[PDB]
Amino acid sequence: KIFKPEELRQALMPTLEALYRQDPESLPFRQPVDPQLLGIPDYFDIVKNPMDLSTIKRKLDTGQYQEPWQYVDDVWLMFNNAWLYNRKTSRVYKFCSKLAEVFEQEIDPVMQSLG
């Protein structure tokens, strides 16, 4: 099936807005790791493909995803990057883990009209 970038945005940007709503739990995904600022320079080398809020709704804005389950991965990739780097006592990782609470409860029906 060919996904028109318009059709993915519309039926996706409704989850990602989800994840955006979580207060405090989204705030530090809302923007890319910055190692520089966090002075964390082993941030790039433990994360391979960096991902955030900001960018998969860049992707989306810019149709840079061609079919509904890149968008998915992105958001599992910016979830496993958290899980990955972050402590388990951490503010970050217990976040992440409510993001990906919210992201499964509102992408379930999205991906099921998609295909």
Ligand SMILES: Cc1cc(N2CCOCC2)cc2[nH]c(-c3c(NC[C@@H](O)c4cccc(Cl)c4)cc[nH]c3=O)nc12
Given for the second form:
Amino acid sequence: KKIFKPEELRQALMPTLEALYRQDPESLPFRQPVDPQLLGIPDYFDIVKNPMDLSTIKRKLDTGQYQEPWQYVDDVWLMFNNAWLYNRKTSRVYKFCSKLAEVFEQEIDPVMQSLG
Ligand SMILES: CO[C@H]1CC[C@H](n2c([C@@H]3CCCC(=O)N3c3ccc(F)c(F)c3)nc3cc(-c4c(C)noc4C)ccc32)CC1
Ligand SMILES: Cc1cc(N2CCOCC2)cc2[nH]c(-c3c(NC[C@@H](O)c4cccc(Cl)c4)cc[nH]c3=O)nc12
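Would you mind generating the form solved in complex with the ligand now that we have the form deposited without the ligand?
And the full complex, kicking off with our chain again.
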């Protein structure tokens, strides 16, 4: 397997993470972990067993917790898939999720090609 240095993953993938953060208001529900107590949604962790958010992805990238870049891709789609699972199709959070996913799909392709 190709060996990836944590510093190469960080420098290569951080621009793609910024592309999600800079969407405002679209990124606002995703910047911090879902807090079901605050949001009044007691069933959240009955439905979402593996939560993920931008701050967790960013910390993992900054601290070298990804061994290979598709694990970063996995966490981003887990974030989005959790939100599409939990929220109604008509809800603002669901629509903002789809907006971020389109940005991600555009940005991630050339970066992954360059890491190969
Ligand atoms: C600490 O600052 C945060 C900002 C986002 C706030 N927020 C909000 C706020 C408060 C509640 C009412 C509302 O409409 N919100 C909101 C705020 C901004 C948005 F762009 C948006 F789509 C929704 N809704 C959130 C929903 C989710 C969510 C995700 C991701 N997946 O399932 C659920 C449920 C996550 C965060 C949400 C909560 C506090
Ligand atoms: C492109 C796309 C659009 C949407 N819709 C957007 C609008 O709202 C409705 C949903 C949902 C998606 N789910 C996934 C998805 C993954 N994709 C890999 C892809 O990024 C990828 C694949 C090969 C190379 C690269 Cl470089 C990148 C991987 C794991 N699990 C996933 O669920 N991709 C989706």
